[PDB]
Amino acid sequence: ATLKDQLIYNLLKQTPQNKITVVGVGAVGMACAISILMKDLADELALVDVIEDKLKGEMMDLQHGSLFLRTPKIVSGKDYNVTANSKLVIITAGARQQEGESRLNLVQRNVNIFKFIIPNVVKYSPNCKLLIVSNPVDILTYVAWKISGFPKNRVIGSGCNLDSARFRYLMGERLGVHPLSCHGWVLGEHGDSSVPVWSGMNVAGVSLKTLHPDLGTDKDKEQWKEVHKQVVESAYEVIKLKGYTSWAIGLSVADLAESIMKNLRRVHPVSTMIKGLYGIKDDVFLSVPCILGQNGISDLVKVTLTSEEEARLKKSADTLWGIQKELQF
C-alpha cells in the first residue's frame, strides 16, 4: 500500500462553514487576506483575480505560511467556482485613484468591472454578505445592491469605518489616549464630502464640544477642523508617499469582517441606504453608524446632528446622488 494508507485509516468518506472570499489580489486585497488570516475569522479563504501568475503566486505564498495560521484551506482561481459557499465576499477589485484624482472619477471603470464580478459572486454564494471596498465605495455599494439583487442588509460598503479610525487615531494623538477610548464619527461619503460629527466626539462620555464650544468652527484656536481635513487628505498623503494605501484599509475591513462573522452587533460607520433620513429622498448610499452582524446591517443608529452637521451630510448625499445619475447597467 501507499505510505498514506499504511499510516492512516480513513473513516470518511464536507462544505466549508466560515468561508471568506476576497476578490482582487492587489495590495488592498492582500492586506485584507493577511489580516483576516491572522484574526482566525475563516476556515477557508478564497482568492480571485484576472491575472493568473500573480494570483497563484499570492495563494502559494500564504499557503507556505499555513503552519503559522489556523485557516486550513486556502484556494484561488480566475473561475468563481472556488468562491462557492462563502459567508462573506469582500470586493477589492478595480481601478484606484492617482494623486489628484477623485475616487468619484473611478466610477465607469469600476462599475463595468462590477457587472462581471457581482453576478459571479452571487452565483456561487447567494447567501453571503457582500462587503464592497472598491471605490467610490458608496456608489459601488449601491451598484452591487442593484446588480446582486440582495436585500440591503447583505450589501455593506467599507465606507467611513477607516475615516473614523483615522479620526480616532488623530484624536488620540492630540489627547494622549488610545484611539479605542476616543469616540467620534466621520459619516457620509468616504471621500472629499465626509462629515465630521463634532457633537458626538467624546472621551469617557464627556462631550468635547461641551468642554470646548469652538470645536469644529473656523474660530477654534486649537484648529480641530484640521483633524478632519487630515482625514479627508490621508489617502492622498499616503498615496503621495508610498504610491498606494493597504494596511489601514485591510485592518478596517478585518474589523468589519470580525463583527459580521462572529455576529457581534458592534456599531460601525459603513455604507448603506439612507433614503428617509436627514431629509434625503433618493436611493443614496453613504455611511451612518450601523449595527453589524451575521445578517450584515440589521439596524441603523439615527445619529442626532446639529443643523450644520445635517446640512453637510445632505450635501454629501446630493454630491453622491449626482454621480449616481451617471450609472448605466
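Numbering follows the first chain given and starts at 1. For clarity, a rigid core is taken as the largest C-alpha set superposing within 1.5 Å between two forms. First, how it differs from the form deposited in another entry.
Note: rigid core superposed between these two forms; among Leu106, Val143, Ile249, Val121, the CA shift is 2 Å or more only at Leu106. For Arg96, a C-alpha deviation of 2 angstroms or more is recorded between these two forms after rigid-core alignment.
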The other form holds:
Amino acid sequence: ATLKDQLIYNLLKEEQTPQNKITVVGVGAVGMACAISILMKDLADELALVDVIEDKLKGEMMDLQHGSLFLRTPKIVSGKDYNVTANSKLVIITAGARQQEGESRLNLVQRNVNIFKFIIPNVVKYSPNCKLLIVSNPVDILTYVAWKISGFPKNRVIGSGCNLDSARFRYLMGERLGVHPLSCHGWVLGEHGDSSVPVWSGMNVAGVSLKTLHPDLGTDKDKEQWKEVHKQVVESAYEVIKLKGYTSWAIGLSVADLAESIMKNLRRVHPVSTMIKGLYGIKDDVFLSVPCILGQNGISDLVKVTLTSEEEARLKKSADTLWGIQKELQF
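For comparison with the form deposited in one PDB entry, please write out the form deposited in another entry.
Only one chain is given; partner chains and other molecules are left out.
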C-alpha cells in the first residue's frame, strides 16, 4: 500500500540480464570520454564503470546518472569489484599507470603489465565471452599482454592501435583538400605512435589515388610535403598533451566507433591492432594494426593490404622491437 504499489500493478517475475552491456575500466579522462561517447550513441542497455579510486569512481557514475533523462541507457553502474561487470558483451580497458620521468621504457610497460595482471583475470571471470578492447598505452604491447593473460582467441582481443591515428590523418587530409574526412581515405598501419606506417598508395578521394597523380607524395622530394601530414599525425598527440595535459575527446569518439561496429555486428573495416604472426614476414606473437573487419565476434577477418617492401620492413622492424620487449616481461 505504498505509493508505488498504489500507482503500479506489477505483473512480472525476475529475469533481468542486460542484453547489450558494456564496461569501461578506468575513469580517467579517456575512459569517461569513451563513456560519454558510448552513452550518446545508444550502444548499450547497461553501462558499468570500474576503477580502484573509489571517490572518483562513484562521483563519475553519479554525474552520468543525473543525465539519464537525456539518454536511452537505462542502467549505469560502477564499483571497484568486477561483479558489476558481469556478462558484458564488450569491455574497454583504459586503466594504466601514470608515467613518470626518471625511468626508461621497460619500467613503464612492466608497471602497466602488473596492473593488467589484476584487471584482466577479473574481467574474464565475470565475462568469459566478452570482446576485449585495449586502449591503454603502449597499446600494441598491452594488447598482447591482455591476450596472453586472458587466454581468449585472438579474434576477441582488439587494441585501438592506429584507429585514432588514421582518424587524425583523415582530418588533416580533409583540411588540406577542403574535403570532409568521411570522404578522404587513408590508412595508418603498424605500430601506434612514432613508428606507424602511412600507406600512401591507399590514399584517396573518390577512388582517385593521390600517389598516382602526384608521384612525389610521401617522399622527401615533394614541394607539398605530404610527408608532413604523417609527421603531424605522430606529433599531434604530443602537441595536444602539451597544450591541455592529455587527450580525450577524439580517442573517445574513436572508441565509440569501434564499439558500434562490434555491438551492432556491422562488419565495417577499421585499422586496429591484431595478432598478425603469420603475415608480412612477421614471425612472432605481436599485435599490429591492419584493416580489420569488426563485428559481434570481434575481428573475424582482416584485409591484406599490399605493402611496399619498404613498408614491409617498417612493419617487420616494429615487430622485432615489440617482441624484444615482450620476451623480457614478467607475467
